[PDB]
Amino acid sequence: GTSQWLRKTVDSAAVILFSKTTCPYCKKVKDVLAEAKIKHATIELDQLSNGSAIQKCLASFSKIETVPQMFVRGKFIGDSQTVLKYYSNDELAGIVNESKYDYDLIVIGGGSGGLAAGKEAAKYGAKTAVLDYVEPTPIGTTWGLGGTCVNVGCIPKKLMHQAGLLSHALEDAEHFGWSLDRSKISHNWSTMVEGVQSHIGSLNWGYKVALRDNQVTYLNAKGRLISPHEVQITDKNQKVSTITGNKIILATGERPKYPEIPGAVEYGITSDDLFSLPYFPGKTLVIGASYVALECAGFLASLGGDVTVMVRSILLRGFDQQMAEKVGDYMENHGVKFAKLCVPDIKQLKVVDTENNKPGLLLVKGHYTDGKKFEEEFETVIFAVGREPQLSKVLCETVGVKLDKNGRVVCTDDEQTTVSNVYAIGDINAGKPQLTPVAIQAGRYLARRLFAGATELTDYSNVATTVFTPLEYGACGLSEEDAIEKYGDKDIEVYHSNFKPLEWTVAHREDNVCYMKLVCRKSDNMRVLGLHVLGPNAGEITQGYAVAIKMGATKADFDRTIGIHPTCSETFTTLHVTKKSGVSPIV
């Protein structure tokens, strides 16, 4: 048991010190490393349960039973007296820095998971390189370090959500007594794009400063893993070279798909382009029905766009479909137009006016599911039909990393690939939820297991979401259909209720459009299987309940907790209408 663990820890760690909080001979050696500015992991043996057993099992490497013991890259360096002799004789710097490869860790991908892994590893003395490179979009769009969320995903889209929400705040302000007249106020797209971009620029810079102050090498280069320990890099002059690393982490993420139809790549755009577009999109057609499509369609309408969404079959495939539909009914009622059961077949009538900063004009041809024909003009056309990786760019097939039928890396539950020194994290890890906090947790936790002796794994179950559509949708756990299909209709009870935010009363907003429900399993103490809420601030509402769900909350737990008044969330502490009872859920 403990012998399997200590073997792999000592082999994997770069510099690791087995210590005791009390022993002043360990304090002496801690301070010497600190003075020499040598980073390392520590393992305080007095603070562990099998702590005493490890000390005796440590003698198998060192032939001593005592603390401290210093290892460097799988090799015993010495006790307190031996480490101090190396220090006095100016030999210690040479011992720690000498390695089989160039780096202990090479990270391919400077995104959410990738930067998180890098900094964490560097805290234990691992010598780390982070590679990042942004291949331009078909029209040339490029951005800086930090990944997809930072430059063209969560961060820019939510700020554009917020500009869109602020419009209803000016609508509301009159009813609450302010003297503005929302009718005579307009929106400037380029002004907003400049503020979003000025903030994205502060995060690019902050990531470079962070990497530098952890002594991480940052190479803006395209990386390719040609052998288990060899990464070939092509820099921005196309200078090719090769570096070696002990552990390898792949964190290269995904990029948007285009449909295989004429005009799409030539005349359309994706989210990658939307967030630094120099001109207002104008009359827009969004093709797709994922959360990217609905979210992007949502803020454009709220900034005064004439928006249409073309839907192949359903909205938010893979989400609870009752909720998905309520999200879409709200959009259709508040300015978004839907062309349902419809696909595209894209002609250019005007070129983008790059000097004057005006969109072009395009003609979209398609057909509906029955047979009827679609044809309409649009100034901008956005595709949101899913994302994919292209590991063939990243990974030579001769290395022997196994991929699945979607193009994603098959890992074990500790992120290990089929090559024992190669791991994958984030969106390219097959089967895992594709969310930025998941990538960050995975990368951080793997760094500790590789260099600090940690054994904790990332829990991928019951991770909560939020779709930032004009009315938001938070969730944690199973959809209603998924629970029913898994356990049987007669074993599921559902508690639901409409509600109305108190901030909507004076504003004369809708009475029975916000909604929530608890999906529960009767034969398991009425355990909460999923939580769902459509309303404002849905992410702040949902997040706290994810801890309780993680802990196995029951309906009785929600019941005996007392609500905070007046809030939207408190409606969860008093649910009581069931679906089976037939009673209406309206306020």
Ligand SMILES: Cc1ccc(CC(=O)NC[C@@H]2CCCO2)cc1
Contents of the next structure:
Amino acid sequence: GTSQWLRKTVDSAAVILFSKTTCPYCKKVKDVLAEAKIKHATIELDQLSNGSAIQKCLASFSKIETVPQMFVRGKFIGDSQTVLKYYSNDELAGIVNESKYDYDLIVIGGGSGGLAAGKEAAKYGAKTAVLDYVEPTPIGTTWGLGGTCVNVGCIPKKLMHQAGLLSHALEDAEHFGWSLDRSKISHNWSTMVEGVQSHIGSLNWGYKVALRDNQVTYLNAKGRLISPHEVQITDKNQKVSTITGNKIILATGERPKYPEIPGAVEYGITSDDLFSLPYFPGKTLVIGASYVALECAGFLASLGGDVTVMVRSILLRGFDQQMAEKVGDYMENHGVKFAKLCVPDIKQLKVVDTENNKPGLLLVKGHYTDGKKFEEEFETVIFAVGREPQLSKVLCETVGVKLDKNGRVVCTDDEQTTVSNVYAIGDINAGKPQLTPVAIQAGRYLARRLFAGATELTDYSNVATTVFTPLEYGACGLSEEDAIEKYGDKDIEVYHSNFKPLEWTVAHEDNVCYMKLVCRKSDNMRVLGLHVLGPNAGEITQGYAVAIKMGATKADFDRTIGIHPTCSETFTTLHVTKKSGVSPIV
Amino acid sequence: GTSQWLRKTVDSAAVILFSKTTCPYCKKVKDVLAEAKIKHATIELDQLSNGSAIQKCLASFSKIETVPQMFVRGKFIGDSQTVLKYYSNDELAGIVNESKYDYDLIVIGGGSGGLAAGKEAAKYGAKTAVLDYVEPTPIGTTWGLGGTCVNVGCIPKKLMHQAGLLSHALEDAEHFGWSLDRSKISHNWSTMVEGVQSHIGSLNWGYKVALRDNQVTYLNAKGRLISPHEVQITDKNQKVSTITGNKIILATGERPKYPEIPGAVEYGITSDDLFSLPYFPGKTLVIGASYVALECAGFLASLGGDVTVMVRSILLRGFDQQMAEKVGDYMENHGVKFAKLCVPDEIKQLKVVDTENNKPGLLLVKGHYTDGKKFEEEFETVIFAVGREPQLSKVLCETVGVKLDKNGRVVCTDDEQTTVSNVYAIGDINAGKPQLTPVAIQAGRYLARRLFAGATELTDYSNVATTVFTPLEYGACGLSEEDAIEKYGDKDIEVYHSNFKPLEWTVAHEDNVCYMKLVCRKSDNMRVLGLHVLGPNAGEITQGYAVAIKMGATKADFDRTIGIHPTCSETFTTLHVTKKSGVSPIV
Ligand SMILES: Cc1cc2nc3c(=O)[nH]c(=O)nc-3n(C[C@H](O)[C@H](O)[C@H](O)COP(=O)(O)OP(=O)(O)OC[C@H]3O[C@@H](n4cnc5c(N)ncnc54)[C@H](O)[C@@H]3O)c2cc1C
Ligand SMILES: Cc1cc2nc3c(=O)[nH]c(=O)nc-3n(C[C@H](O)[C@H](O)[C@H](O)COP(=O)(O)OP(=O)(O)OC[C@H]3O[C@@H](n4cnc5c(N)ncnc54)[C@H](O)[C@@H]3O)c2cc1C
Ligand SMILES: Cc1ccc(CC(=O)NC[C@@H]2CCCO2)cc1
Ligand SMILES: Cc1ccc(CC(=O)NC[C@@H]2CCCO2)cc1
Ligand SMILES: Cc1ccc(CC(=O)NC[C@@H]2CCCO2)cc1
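Right, and the form solved in complex with the ligand of this protein, after the form deposited without the ligand?
Below, the chain from earlier opens the complete complex, with every other chain and molecule after it.
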């Protein structure tokens, strides 16, 4: 147990010191390493439950049982007198840099998970390389370091959402006494895009500065794993070479899918192109019904656009379907048009006008599920029909890394693949929620286990979400239909209520915002799922995710007192059950 | 044990049925009571763990151990055959209305706590009266049903806060691509006040309708408790009379204080006056440093006003002082002036308020600083926010025997009972309790259930979360850092903290003013003793964490929970810089 932990920690740590906080010989070794700029992990034996057992087990490696003991890449280097001797003789720098491999860690992919993993590993003395390359979109769009969220995901989409929310703030301001006239104000797309891209540029630069300051090697190159320890890299000049590493983290993410229909790749775009587009999309069709499709259609409508969404079957498949339909009803009431039960079968009428900075024109042909025909003209067609990895480009078949039927990596609960030195994090890890804070937690926690002897695993259960549609939807835990399937209808109680934000009163809807708690009767009314549709839904939901993590019950919500006036306080006084049939309106 | 719970429940309930869900004889009695419009509490014995023992103890009152059993005001009425005998003999209505008192419950005070208590009690067949009267301010301001929060408190102040927040929404919109020019837009006070007052009027009306539909008697009259069961009421025509009640709930709240200086009552105003003021205050002085003072100064500045705050000593006494200073620093950088370590000596009138042309007067304020230097400056409006106090002499005759504390608030047990066994107190007048609207509502509803439905649940007053709605909002739950250090010692306290920047603030162009921290106890598994956040939407951020803190959250619970991105709140899930480390908290 302890001995198996100690052997795993010594084998994989790059530079590690076993120590006690009160030992002045240990302080002397710490000061020499700091002076020589040698980064390392430290384990303070006097602060661990079984320090005495670990101290004994160390002798199986070093033949001594005292502290300090310093190791480099699995090899005992010395005690205090010995480390000082190497320092005085100018031999220490060469010893701590001796390695069978070029790097202790190679990260393939410089996004949310990979950057987090690489920076954390470098803190413990691991010699680290992060590779990042952005293959251009079909029309040629590309961007800088930081991954999908930073460049073409959470960051620009929430800034554009905020631009949309400000339209209603302008409307509300007249009712609260301000002299403006909303009807005479218009929106400039390119001014917004320039501000969004200036912020993204500051993030690209900030990540390169962070890697430099952590002594991480950044290679803007495409990587391919060709054997367990060998990574083939390809240059911006197409120069090909091979680097070796002890541990490998795969962190390459996903890219958007296109449907296999004529004209889709040639004449449509995806979210990858939208957030830097130099002209306003104009009259727009969004094909798809994911959170990406609905978030983009939502802000485009608030910015003044003529927007239609083509839905094959349902909205937000995999989310609670009562809440999904309330999300869509709000958008349809506030200007978004929906072509329901419909799929596309794209023709070009005008080429994009780079001269005068204007979109082209397209004819879209499709059909409804009953066979009736769809035919209509649009200036822009955005496909949001899912995302996928392309691990065939990243991973030679002969390495032995197992994939599932969707092409994602099959991992143990510590992110290990079927190849013992190779790990995977983020969107390519099969069966995990595909979210930026999950990829960051996974990468930081894994680096600590590899290079600092940590044991803590990432917990992937009950991870909260928020969909940033024009009225936002936050959730944590099970949908109501999933709870009933798992436990049976008679064991599920649902408390629910409508509400009206106080900010909406003077601004003139009464009963559109909504929240519910899905509970298990036979387990002390445990809260299985929380759902809220309303303003600031992500800020509302986050704190409750801690309480659900700790096993909150309905009684825990009841005994906590509300903060007034807020939207969130409605969760503390819920009482109407769905079984009662009583109306949830206010 | 069980037996004296049953005794209390039977003595106190107005109309209560002991039942079982599968009993068809109980179903017939229920349906009879519903047809006759008789409201009542119900105890289903087949659902309580010791319902067997309760069945036995019922015999001590009724000499039977079967179900159903109906009681009215402590007297056994009958089983199924006997209840139906009374119904078809036209004898039931008289029996269920027989009472020694005019009412089962009299609530003195129609505000947050009193309206909640009265409505909940009526749901169980208690015959209930709610008394409310609003004594006018010195300049004559008055308002309708619903109490301090509804009329001159949480509701209008947060609406005026939102009007102020929309000024920065207008500035931000230009950076996000909208074509407006913020510099050419102005604010109209009276248009605001009309919208705010129209919403308050809808709440006044809604409460009157709610009381009518619950069969609660509403008396717009001043109440005075003259003996344990007698309440003297005074009419709008000065008519005096007396009504009697079994249980009494005191829920009369507080009103603003004035300093004892010349000119204060005559020429200044309070928050009672501000929210319906018919003219814009103009150049304004706020005297005091409570959350009322700072919230009001904040929105007046954001609406374009010239605003000064006169501070005797510190800001937000009783709140975390690191956070209080950050709140004030933001206000001073965004257009609120502060006269620090300063108190007033007199208000002199220079110009009388012009009712016709709808304009303020003009005043001269004289004061001095703590070192001895002098203060002298003219203002159009002077607002006093130097605390609030109850006036229980008006409400409560000394001979009744209800004990007060040295501040004049009612001394109560943990179930809100006073020193007089049938009299209870809730809300701001209950000594030692947090003075907040959702506390008063929970106390009132929970008390009503114990009195008339045999409930046992008490109100929990610990770790109640708060939010100060200053221009940059401040949310908190639990201990301040200084209180935790005093309680446990500095070596046993660890503080994790960080600055943050809302994503919404990036394109709009400050980096390091929003701030959050967790104050934790090392020797108790790093228990979270207090949570603090300064930033936008701070009440929405804080609320959910109050459930986790109620449940005993540790730092490890915050670490294992995953963030929602992009939000301000997610910064709580990845905190790692400690104050003891000396590492900077900036972004
Ligand atoms: C429109 C949109 C909105 C989103 N909004 C949110 C949101 O609000 N909240 C949220 O939590 N999540 C959101 N997400 C999801 C979030 O973007 C992802 O979960 C996250 O980016 C996954 O990080 P990752 O490290 O797994 O991969 P990525 O961030 O995609 O990083 C992988 C990187 O590796 C590079 N790469 C690929 N192949 C190679 C190779 N062979 N060699 C070198 N480099 C390579 C890629 O080009 C990329 O830069 C959104 C996603 C999209 C598309
Ligand atoms: C400016 C301001 C802002 C506030 N903001 C907030 C906030 O954001 N959040 C929050 O939680 N709290 C806030 N509060 C506090 C909140 O208003 C109080 O905690 C709450 O109103 C107290 O409720 P109560 O039932 O005890 O008394 P009240 O609501 O004051 O009701 C008592 C009622 O009884 C009446 N009455 C008095 N004497 C008699 C009598 N003899 N006969 C008949 N009727 C009588 C009073 O006139 C009044 O109508 C604020 C308070 C102020 C002043
Ligand atoms: C067509 C096109 C245009 C611009 C860019 C940006 C760039 O400079 N990419 C550098 C990578 C490193 C490996 C191959 O190219 C890429 C592709
Ligand atoms: C606005 C809006 C748009 C689209 C939808 C989805 C839809 O058409 N749902 C019906 C399906 C058929 C199978 C089960 O329910 C809802 C709401
Ligand atoms: C903007 C603003 C205004 C007022 C204050 C309070 C103050 O003046 N503090 C000085 C010393 C420190 C403790 C006692 O007084 C702070 C910040």
